[PDB]
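Chemist: Okay, here's what each chain looks like letter by letter:
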Amino acid sequence: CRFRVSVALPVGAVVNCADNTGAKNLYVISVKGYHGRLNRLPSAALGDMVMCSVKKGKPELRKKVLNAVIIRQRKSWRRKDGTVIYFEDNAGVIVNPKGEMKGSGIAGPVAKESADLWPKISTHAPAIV
Amino acid sequence: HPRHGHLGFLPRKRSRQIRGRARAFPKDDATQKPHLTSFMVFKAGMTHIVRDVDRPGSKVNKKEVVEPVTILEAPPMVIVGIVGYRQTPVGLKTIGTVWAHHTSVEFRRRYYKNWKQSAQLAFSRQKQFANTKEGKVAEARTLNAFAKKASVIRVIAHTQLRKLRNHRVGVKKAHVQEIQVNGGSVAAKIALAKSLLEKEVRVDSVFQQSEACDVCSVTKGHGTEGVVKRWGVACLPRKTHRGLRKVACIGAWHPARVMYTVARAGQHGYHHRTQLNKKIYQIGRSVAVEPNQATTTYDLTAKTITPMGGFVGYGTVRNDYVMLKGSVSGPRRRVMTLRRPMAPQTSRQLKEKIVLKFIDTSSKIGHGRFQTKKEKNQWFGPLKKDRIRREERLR
Amino acid sequence: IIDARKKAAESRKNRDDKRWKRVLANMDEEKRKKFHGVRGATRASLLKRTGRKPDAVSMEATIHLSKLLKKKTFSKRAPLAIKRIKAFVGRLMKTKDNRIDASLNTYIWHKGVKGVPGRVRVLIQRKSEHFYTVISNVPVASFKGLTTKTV
Amino acid sequence: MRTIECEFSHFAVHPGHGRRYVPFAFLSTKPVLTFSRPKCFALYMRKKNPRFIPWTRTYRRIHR
RNA sequence: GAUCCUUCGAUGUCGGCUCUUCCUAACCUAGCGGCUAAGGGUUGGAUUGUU
RNA sequence: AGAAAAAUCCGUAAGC
RNA sequence: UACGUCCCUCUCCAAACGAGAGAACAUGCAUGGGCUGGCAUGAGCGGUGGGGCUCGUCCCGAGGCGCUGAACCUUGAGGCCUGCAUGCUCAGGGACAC
RNA sequence: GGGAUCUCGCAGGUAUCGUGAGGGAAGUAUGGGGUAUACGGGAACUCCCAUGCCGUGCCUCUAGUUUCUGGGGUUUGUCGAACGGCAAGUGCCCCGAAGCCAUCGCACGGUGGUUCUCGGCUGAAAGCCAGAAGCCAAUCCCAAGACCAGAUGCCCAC
RNA sequence: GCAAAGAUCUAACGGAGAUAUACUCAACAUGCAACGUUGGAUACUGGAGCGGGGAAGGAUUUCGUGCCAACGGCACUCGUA
Ligand SMILES: [K+]
Ligand SMILES: [Mg+2]
Ligand SMILES: [Mg+2]
Ligand SMILES: [Mg+2]
Ligand SMILES: [Mg+2]
Ligand SMILES: [Mg+2]
Ligand SMILES: [Mg+2]
Ligand SMILES: [Mg+2]
Ligand SMILES: [Mg+2]
Ligand SMILES: [Mg+2]
Ligand code: NA
Ligand code: NA
Ligand code: NA
Ligand code: NA
Ligand code: NA
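Just so you know, the sequences run in chain order P, B, Z and Y.
Each residue of the first sequence is one higher than the one before, starting from 11 at the first, in the UniProt record's numbering.
Each residue of the second sequence is one higher than the one before, starting from 8 at the first, in the UniProt record's numbering.
If you count by the UniProt record's numbering, then the third sequence holds residues 19 to 55, 65 to 156, 165 to 186, one letter each, in order.
Each residue of the fourth sequence is one higher than the one before, starting from 1 at the first, in the UniProt record's numbering.
Keep in mind that the hints are not guaranteed to be accurate.
Simulated crosslink set (DSS-like; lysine-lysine; CA at most 30 Å straight-line) [what the hints assert, rightly or not]:
1. 391(B) with 179(Z)
2. 66(B) with 383(B)
3. 39(Y) with 392(B)
4. 122(P) with 383(B)
5. 90(P) with 285(B)
6. 380(B) with 49(Z)
7. 179(Z) with 383(B)
8. 98(Z) with 371(B)
9. 113(Z) with 179(B)
10. 123(Z) with 310(B)
11. 30(Y) with 391(B)
12. 113(Z) with 170(B)
13. 170(B) with 140(B)
14. 66(P) with 39(Y)
15. 380(B) with 39(Y)
16. 123(Z) with 99(Z)
17. 123(B) with 99(Z)
18. 123(Z) with 113(Z)
19. 201(B) with 24(Z)
20. 98(Z) with 391(B)
Taking beta-carbon pairs under 7 Å as the criterion, some of the chain Y residues facing chain B (in silico) [claimed, not checked]:
21. 11
22. 12
23. 15
24. 20
25. 31
26. 33
It is worth saying that the hints were derived from the structure and are not from the lab.
Don't be surprised by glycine CBs; every beta carbon is placed ideally from N, CA and C.
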């Protein structure tokens, strides 16, 4: 799928929502594809699908479990060509279980590591960086 | 949970030697031609390179990557003896050894604890007797014994420490080791060994540019260490009487003793390891013969392999060197052994051919932003010291 | 015995310069030369061996103190400096009786117990009565360009 | 590879050195900024002007 | 449950945390046509002192 | 008192 | 008796103490110079400054400008250069072997 | 030849390179590509590419750490002032080498025999094939109280 | 084990408390460690003080000259001994 990205967002983190669905927060509940290990919290990185919940936003999508994709992170990661890069904030986008993106626009830039895995997001991305 | 650590690397005790020693040699194939299987080098330091990857069906294929490397300095080696072994129902037993006619002061220094304040009598009777007529008879008898009742041939080689003009490596007595001869029949092995007696061999006659190798070396020492850093167990909660950095339960009531599988405190570091499959990226010649060592086809800058300000704690690299991908066990200045690989070498990665595009030679002190002294001068200009020196020279 | 060690075998092996003169003068260039291309052991050549030095000598030296005191305890920095200076001068003069002058004590202690300066210039005077030394302070504006001298 | 100039000091950044940064209010022309050492990033975040810092290329160009 | 053999000039009591080892009547992984196989694995949280 | 030794030279438990 | 080994002395790839790797007139140690890096423009002096004080001048004044990528630091639990310069060593001492 | 009122003393010492009995022992899991159609919606092996955990290291880069109190800045007191500093158990703030260190960075993690469940071939049970596991050996770590008559340098003794 | 209450350094006098050798030998590698007084340096207490006077309690601990066996949990040439 992709190379390695340093894990950034353990369970319990709150990240911004970059879509235009009315949500303002996302609360990380778990990470898809995590195999367990004793005492270790599951953590997410770019291009991951997470189970989330809205903590502040429109009341019609609030007290339930949803899916989201991470597109930005403050923790820096190293690319194969030896460049270290990081963003200014953590962000996410609400999607389908199959990857189709609820909403029709994205606010800031998105990372190539997450635009490669999800082709529907890269269509609405305003810049791939 | 799985257990902490590997029980196949016990006892975690200090090594018996400081040099790396090959416990086994690659299997002998009589179809090939006779050759040597080992070499001793000295660790200098680390840097990184840039390289374009040829790996079909990869997300990095046809793209550039940055890979760290380690530099090991390899002056030539001198052969001084031949040994043979015979197989017995209880193991290999050595038959005898055939010494060269002349040895060097640095080889004979290895037999003394205080060479300068001594009579320096080593190998004198041997030299006289070898010159005499019965000495030739004895040598011929030993060589015939090899040719008739041997299965393994090894040569005795040593390092030339006066060729390696290093100020931080303090030792003046040579390091001695046995290198096996592989390939061919026993007669052919003996012929090659006799041809290489009192002669110097180079690392490029043993290894080629894009092959792989194994490394035998001794790890960096750390002294007595506790269980948290020695074995990797978990710390205990802040609210703990008598300390947090311990193992809580060291056994059950029965058996009524401590088992060998439980973590205790003691020596960490200074162990021997063999480190399979280190791909070699470049074999460089001496800076006397070729002064443009770190120059490539893509980068035409004239530079050597030593960084600005020198390798930290080691100095300048003055002889031939080997560039290995990754890391090796041990600190700088330690002697190491390079061995021909034992594992199969049929992987695409192990068969790829390497072409370097860039080699970093910036300073390892602080953050380096200049590749060369000419570049540093170009950035700055004439400084106040330069102006006053020119003025003083004028007047 | 020493005369059999020095010269003799060593001076005979210094015939390699005649061998190197013939080889180099044969129109050879860029030849890898190691042995005597020379004599080696600059301690052997340079040392003139002027002689067993007098009983009364005077020297002027700089001591780099900040390399002897590094990450030492702040409460012990200055007593440690006194001990280090004593040992330095003792190893230089082969004496066991080294006396610190009032000027040197004041200079070492004049910024308190942790503010010991980073360099000091001293004057050493060896005397016989049994041998001992007296060490005093030489005030200087700067330490650049100053090497060990005899006075 | 390629050599890039530091965003603050215009130092040269060679392959394998430095850190890169993407701000939220990003420029379309320059979405990613390169810094050569943490000192430069500290000054940039403090919002200092490079022409008043005597060891930067812009200051040297203005004065010298 | 029954019993009352040892211990009443005393063998520190539930749960959790930490750490090692062993078993099989096999949850996963591995082979067969239900059988073989104990080699390597077997998670993180809300309420409750809990199991 | 027990050898995973041996039984002009060198080379053949041979012609040597 | 001899070969030699150990202690004292020096170095740090080793190190709780033992043990280890080394050297034993050796660029070995010391100081200085050059390099490589760190901080960010020294002391002192001098003709732009919101204002103010006295006879076009003469003074009080935070800050600024110039000399000035200056000044200082850089191996030390131990960065580089003598395949850069000087200074110190002047029969090493003791115990075993015996 | 000395000791004590018989006794040994009459022989090894030092320094290298090796052997290897015996003991320890380790790698494991998920996904994709291709096949990529066969069968009548939906396969499989060879082979390629990543990742999780575990293990053994390393310090080029990035991150953490500063009693190099390194350079600068700043508060109260204090030496008549400037300079130099000093006290506030490291006054406090910014940047900071070397060293240590992080699944917060980077590198590496091999081969053969034997048997069982079972499938066979001859053949009246027996003889012979293939054969997931597992087991044994090797690679890897310690290694002569495993008392090596293994090899070798120098001195002494006979 | 003798780790709260930050900390001492230097010279000259004093003292048996030393510069204490079989010799060779300039000296170091064969007499170590520790004490009092005076001068100088560096710190601490910091006026709710390791400042200057009293009650209760103690009863010669006060002062000078000596001494250093025991006691002052290390030491003393010094002591409320
Ligand atoms: K075994
Ligand atoms: Mg009952
Ligand atoms: Mg060390
Ligand atoms: Mg004790
Ligand atoms: Mg104590
Ligand atoms: Mg206590
Ligand atoms: Mg005070
Ligand atoms: Mg108060
Ligand atoms: Mg007492
Ligand atoms: Mg009195
Ligand atoms: Na837990
Ligand atoms: Na407690
Ligand atoms: Na004070
Ligand atoms: Na201070
Ligand atoms: Na105290």
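Chemist: Determine for every hint whether it applies to the structure shown.
Modeler: The hints, checked one at a time:
no., hint, result
1, 391(B) with 179(Z), "16 Å, holds"
2, 66(B) with 383(B), "37 Å, violated"
3, 39(Y) with 392(B), "27 Å, holds"
4, 122(P) with 383(B), "36 Å, violated"
5, 90(P) with 285(B), "20 Å, holds"
6, 380(B) with 49(Z), "28 Å, holds"
7, 179(Z) with 383(B), "26 Å, holds"
8, 98(Z) with 371(B), "24 Å, holds"
9, 113(Z) with 179(B), "34 Å, violated"
10, 123(Z) with 310(B), "53 Å, violated"
11, 30(Y) with 391(B), "39 Å, violated"
12, 113(Z) with 170(B), "41 Å, violated"
13, 170(B) with 140(B), "35 Å, violated"
14, 66(P) with 39(Y), "37 Å, violated"
15, 380(B) with 39(Y), "23 Å, holds"
16, 123(Z) with 99(Z), "25 Å, holds"
17, 123(B) with 99(Z), "38 Å, violated"
18, 123(Z) with 113(Z), "9 Å, holds"
19, 201(B) with 24(Z), "37 Å, violated"
20, 98(Z) with 391(B), "34 Å, violated"
21, 11, "5 Å, holds"
22, 12, "6 Å, holds"
23, 15, "5 Å, holds"
24, 20, "14 Å, violated"
25, 31, "20 Å, violated"
26, 33, "17 Å, violated"
Against the hints set out earlier in the document, violations occur for numbers 2, 4, 9, 10, 11, 12, 13, 14, 17, 19, 20, 24, 25 and 26.
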